[PDB]
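> Residues per chain, in single letters:
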Amino acid sequence: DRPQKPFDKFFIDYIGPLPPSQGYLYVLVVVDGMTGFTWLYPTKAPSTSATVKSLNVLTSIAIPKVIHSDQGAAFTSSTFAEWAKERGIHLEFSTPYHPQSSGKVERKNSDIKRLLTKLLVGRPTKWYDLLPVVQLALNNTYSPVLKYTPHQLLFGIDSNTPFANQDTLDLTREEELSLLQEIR
Amino acid sequence: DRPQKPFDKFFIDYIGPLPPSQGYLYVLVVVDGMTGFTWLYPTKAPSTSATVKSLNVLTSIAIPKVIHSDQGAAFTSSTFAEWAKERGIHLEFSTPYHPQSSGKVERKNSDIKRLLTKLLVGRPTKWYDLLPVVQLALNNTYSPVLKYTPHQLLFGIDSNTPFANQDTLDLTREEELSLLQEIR
Amino acid sequence: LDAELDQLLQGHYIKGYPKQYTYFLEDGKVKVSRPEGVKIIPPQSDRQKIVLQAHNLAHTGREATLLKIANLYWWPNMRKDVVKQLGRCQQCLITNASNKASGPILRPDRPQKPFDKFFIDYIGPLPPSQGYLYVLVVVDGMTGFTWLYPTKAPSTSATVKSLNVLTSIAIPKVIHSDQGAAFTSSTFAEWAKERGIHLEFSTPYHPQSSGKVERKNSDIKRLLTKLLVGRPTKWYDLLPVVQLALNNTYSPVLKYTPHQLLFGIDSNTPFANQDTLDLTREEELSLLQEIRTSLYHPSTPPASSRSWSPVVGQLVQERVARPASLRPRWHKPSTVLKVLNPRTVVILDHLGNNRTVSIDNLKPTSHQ
Amino acid sequence: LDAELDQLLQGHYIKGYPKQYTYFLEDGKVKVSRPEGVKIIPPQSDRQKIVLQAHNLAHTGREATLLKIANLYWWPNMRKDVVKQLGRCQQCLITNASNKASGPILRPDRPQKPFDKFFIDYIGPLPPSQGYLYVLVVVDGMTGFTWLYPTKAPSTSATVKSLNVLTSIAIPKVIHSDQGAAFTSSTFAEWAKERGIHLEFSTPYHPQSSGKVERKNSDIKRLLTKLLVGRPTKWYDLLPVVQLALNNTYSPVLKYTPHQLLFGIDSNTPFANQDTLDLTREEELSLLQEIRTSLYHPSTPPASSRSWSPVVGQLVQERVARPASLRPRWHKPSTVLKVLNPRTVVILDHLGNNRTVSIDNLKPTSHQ
DNA sequence: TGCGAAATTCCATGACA
DNA sequence: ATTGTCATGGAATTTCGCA
DNA sequence: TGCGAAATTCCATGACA
DNA sequence: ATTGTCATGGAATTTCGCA
Ligand SMILES: O=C1c2c(c3n(c(=O)c2O)[C@]2(CC[C@@H]4C[C@@H]42)N(CCN2C(=O)C=CC2=O)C3=O)CCN1Cc1ccc(F)c(Cl)c1
Ligand SMILES: O=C1c2c(c3n(c(=O)c2O)[C@]2(CC[C@@H]4C[C@@H]42)N(CCN2C(=O)C=CC2=O)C3=O)CCN1Cc1ccc(F)c(Cl)c1
Ligand SMILES: [Mg+2]
Ligand SMILES: [Mg+2]
Ligand SMILES: [Mg+2]
Ligand SMILES: [Mg+2]
Ligand SMILES: [Mg+2]
Ligand SMILES: [Mg+2]
Ligand SMILES: [Zn+2]
Ligand SMILES: [Zn+2]
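Top line first, the protein sequences correspond to chains B, B', A and A'. A prime marks a further copy of an entry chain.
Take the first sequence: its letter number 162 is residue 277 in the deposited numbering, and every next letter is one higher.
Take the second sequence: its letter number 27 is residue 142 in the deposited numbering, and every next letter is one higher.
Take the third sequence: its letter number 291 is residue 298 in the deposited numbering, and every next letter is one higher.
Take the fourth sequence: its letter number 316 is residue 323 in the deposited numbering, and every next letter is one higher.
Hints listed in this document are in silico derivations from the structure and should not be mistaken for laboratory results.
Every clue listed holds true.
Cut-off 25 angstroms, straight-line C-alpha distance, at most; resulting in silico cross-link-like pairs (SDA-like, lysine to any residue):
| no. | chain 1 | residue 1 | chain 2 | residue 2 |
| --- | --- | --- | --- | --- |
| 1 | A | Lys120 | A | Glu297 |
| 2 | A' | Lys46 | A | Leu261 |
| 3 | A | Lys180 | A | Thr300 |
| 4 | A' | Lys262 | A | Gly68 |
| 5 | A | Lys262 | A' | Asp88 |
| 6 | B' | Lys180 | A' | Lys36 |
| 7 | A | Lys228 | A' | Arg329 |
| 8 | A' | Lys38 | A | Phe278 |
| 9 | A | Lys38 | A | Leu12 |
| 10 | B' | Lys180 | B' | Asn224 |
| 11 | B | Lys200 | A | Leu64 |
| 12 | A | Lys120 | B' | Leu173 |
| 13 | A | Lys228 | A' | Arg69 |
| 14 | A | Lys36 | A | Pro49 |
| 15 | A | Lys200 | B' | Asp244 |
| 16 | A' | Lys345 | A' | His205 |
| 17 | B' | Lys219 | B' | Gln281 |
| 18 | B | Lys180 | A | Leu59 |
| 19 | A | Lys241 | B' | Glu197 |
| 20 | B' | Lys159 | B' | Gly138 |
| 21 | B | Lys262 | A' | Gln296 |
| 22 | A | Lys107 | A' | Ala310 |
| 23 | B | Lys228 | B | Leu133 |
| 24 | A | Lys168 | A | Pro247 |
| 25 | A | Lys159 | B' | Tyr139 |
| 26 | B' | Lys241 | A | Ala199 |
| 27 | A | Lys46 | A | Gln27 |
| 28 | A' | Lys241 | A | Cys96 |
| 29 | A | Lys46 | A' | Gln281 |
| 30 | A' | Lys107 | A' | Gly218 |
| 31 | A | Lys56 | A | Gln14 |
| 32 | A' | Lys91 | A | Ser258 |
| 33 | A | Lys168 | A | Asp123 |
| 34 | B' | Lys233 | B' | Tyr257 |
| 35 | A | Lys36 | B | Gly203 |
| 36 | A | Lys56 | A' | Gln281 |
| 37 | A' | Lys241 | A | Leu64 |
| 38 | B | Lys159 | A' | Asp244 |
| 39 | A | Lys262 | A | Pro115 |
| 40 | A | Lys168 | B' | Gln250 |
Kindly produce the complete structure, drawing on both the sequences and the hints.
The following block contains the structure:
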């Protein structure tokens, strides 16, 4: 069997609804299976059109051989199936209620959900502008299992923005009380 | 003594008042002394300003060393004297009431006055447009004394408009009666 | 061509397919183990679609289209098939630039006598001066003698008015001009026929053809510029000064001024040459006839390493004159009807029109 | 200098005046019988006025000014005096064209890694498509990988908006751009400092400095043109198609596409190269590091026969950017402060301003 | 029959938008 | 159914002035 | 050890207005 | 405080296939 490579499988999923930021409410999350590289696109809905609008931007940089998602409406629609067929992208689905991806990916999506949550607390309406810094953080985050960050695995060079400061990602007692105050 | 050359002496004089043609009433006549070449400029008056306006056009092609004229007001004025001084042109005057030029020139000015008269009869108000044809006629007119036309003497080539048809220049009995009819 | 590929799999030789290679079947497709790697040999019936698909990605030329194809396939003489496609892509033919330079310029013989040929052109719009915006430049070909006329527009009416003043001096055999509205008009043709003047026209959008006057346009502007330094651009009153200044200026290569070539004697202008003072006008006119014939004549320069020269029947393309934004810089292929000279040609476009064009406004259609 | 001319008439030798000639007096002026003819020898105290009078007729250069003077006068080393005048005519210095070509172009080293240097520029105005008129072109220097963004104007705001989307992928060390309003703004400098991005700027009115992106502008337009043949110019929807098309196009000299140089592996695009299928991503990334270092690098071409190279202290003149009609194409002489490289220089104009200019926008002031 | 310097000739460069 | 041109100022080369 | 042809490399040309 | 670039298709040159 041939070794794992970038663009072999993109794992897509939606995060949200989030508090509205610049009219946006969701984040489409694209994670390359091999490198663990993350692309985040804000959408106004978890719809096929918003998925197609977002992925059309990504698929102008690189086309994956396979897209992997859960059985969400936006990904199971015949419109999304036609879009992928046109691009020669094979669609792949996890069994309903049983979301399987990969260790690296499951772990990455966890860091994403947590990093977003950490920065949402305090500025829940300013996350639109933060998506570029969140993405750089995620992609310059050292992989204990692979020895390299997703930036290194994808480009084969060190990044000009190394995120050497391995932050908490866990909410402070102050952030906890402030987060439980927002939920009112 | 050095041989006669073009631009050595320009003989200037006014013909008119003529019947108005395109608002013009006079013709300033410039004849090069050596070649017998003729330049005709229509003016609205026999004034210094009209002489200066006309000669400024001619003196943009070639400057004579000497300008010869009678004691006409337009040529004896201090303005005309200043204009010539600026161009390094020496002014020369014939004795009042005794107009002396040169054989060739006196003869040329005669042909001019007669050729104009010939064509005035019938169209006394259309002579403005005829000045270019009158000039070509005059300048492609063979000189019995020199063997060459003024075009040949000035350019040292044959002209593309040779005026081989040596016309009457003398008025027909029909033109005479028509001319004496205008004088009414 | 699955029949052609059948004999191959068996083992018997086919013209084009090297015998030293192992042609096998895998995933229901003929493959070949080549040094570069294992490549699919598609049937001849499929190759056109492949070449076209590869080419259409970025409408790439020969090597860039080949490099894409070669990633997946192999077949005998691939580039022959790439080139057949390139030569049939209308979009590539009308959008791509030439990579072949024109043949070396012609140096037409100097007109023999003054008034044999005039070169006329307009300079402008210029900053308005006394209501005037343009300048009519008339250059005698033999001498270089120039006549300047201020106009309010590059019109037939203003050209006729000006030329009627000029032609009072002498009438020219030919008047050469570009294809400007002012000179191609019927009213102007009528004005010239009426006088025995033959109108000659430059090939369209090729001002080098009017080189004689164009070059004089440069001097007129350079001198006006100088005389107007630190003053408002009031050029109208300078035209006579400039005309006289230039007509009396030495051409270092000829060692004569346009005035001297026209008259054979300087007039009463500063630093007038006195060299023929003791000669008679006849002795002087004789020497002038000798000067006019002995003037330096430039020769055609060496052709560039990659020049192209027109051939009757050659598929050639005319340059689009004022190409709109994001539109092709070239017209569809045309056939060369007659080669007038190595730099001028007669072409027949797809419409069925005869056009006399310069090779500078042409490119030879690639891939024949 | 009537004293200098006195000894001459007497018969005793003066340095410069050939002894073999007969120096006499006539019409109250020193004359000399020369082969060309009898010429007036004016006193040294008169020669400057003469040279200036001759020159001012048509503001002629060396030979044309000399040929006028020589018609009437003679004096030792006339051209030395002609040249002193030419070098002091402000009008000639700011209006005349150069006749010395720039030194041969530099071929700056290719950036070593992707994201080391970006080249940014705007294409437009283009026919309005979806309210958009411009395209922001971002070219990675090492790879050639391009990112296209449609904008409504070449503004700082639109550049920042676009670059914030790009920089989500990776942040560059340097961003090289021209001196367009959009990039020289304080808001843009602030946006870059805030990110550790170093802004580098091209010398003004020299797009060859942004050569990398400029050249990619040509491809983007050529491909849009092709794809829009016989259709309305609706380019907005084509930008992604064009970006992907070009980023995956072979550079025949490199034998690699910008995608391959950036990632070392083709994505799921047509005719994807399969050559490293059996390699691990590490074995693949190792080979990529080797490919990136071994890429062809062009060398500086041979200097033209008549090129000029800058020297500190040399009197040089900057080209007027948007010269008005009938106005000089050159600025007043400047002094070369520092020679940054043989093609870039620092100049101090008459105002007292330091400017970093290209030698392409300079001419060495004639006659020293 | 030859030197050093001045004069002349050569000619690439650029602009006629 | 016509076609490049030529001022410019350094460099190259020829000529001049003297011996 | 050398042929003819195909493949590859070279590189001037032109355009980024 | 900076700097030209590179697709393109004929021509030139090298390599391939065979002996
Ligand atoms: O002399 C001209 C010139 C030019 C043009 N026109 C002239 O009459 C004319 O004399 C006309 C005007 C109408 C007629 C069809 C011709 N057009 C078409 C309309 N139009 C535009 O497309 C852009 C301006 C413009 O007027 C020219 O473009 C541009 C080149 N130049 C300068 C030049 C450049 C390079 C050279 F090598 C030489 Cl030698 C000279
Ligand atoms: O790419 C450009 C180009 C150009 C210009 N500008 C660019 O930003 C830019 O990118 C700006 C715009 C504002 C900023 C100061 C720069 N201006 C000033 C304003 N202005 C005018 O004076 C005329 C149009 C115009 O925009 C340019 O003229 C023109 C040459 N081209 C094409 C080109 C030609 C030759 C080459 F060799 C190369 Cl590589 C590329
Ligand atoms: Mg899920
Ligand atoms: Mg009288
Ligand atoms: Mg014109
Ligand atoms: Mg013109
Ligand atoms: Mg720009
Ligand atoms: Mg640009
Ligand atoms: Zn194509
Ligand atoms: Zn001057």
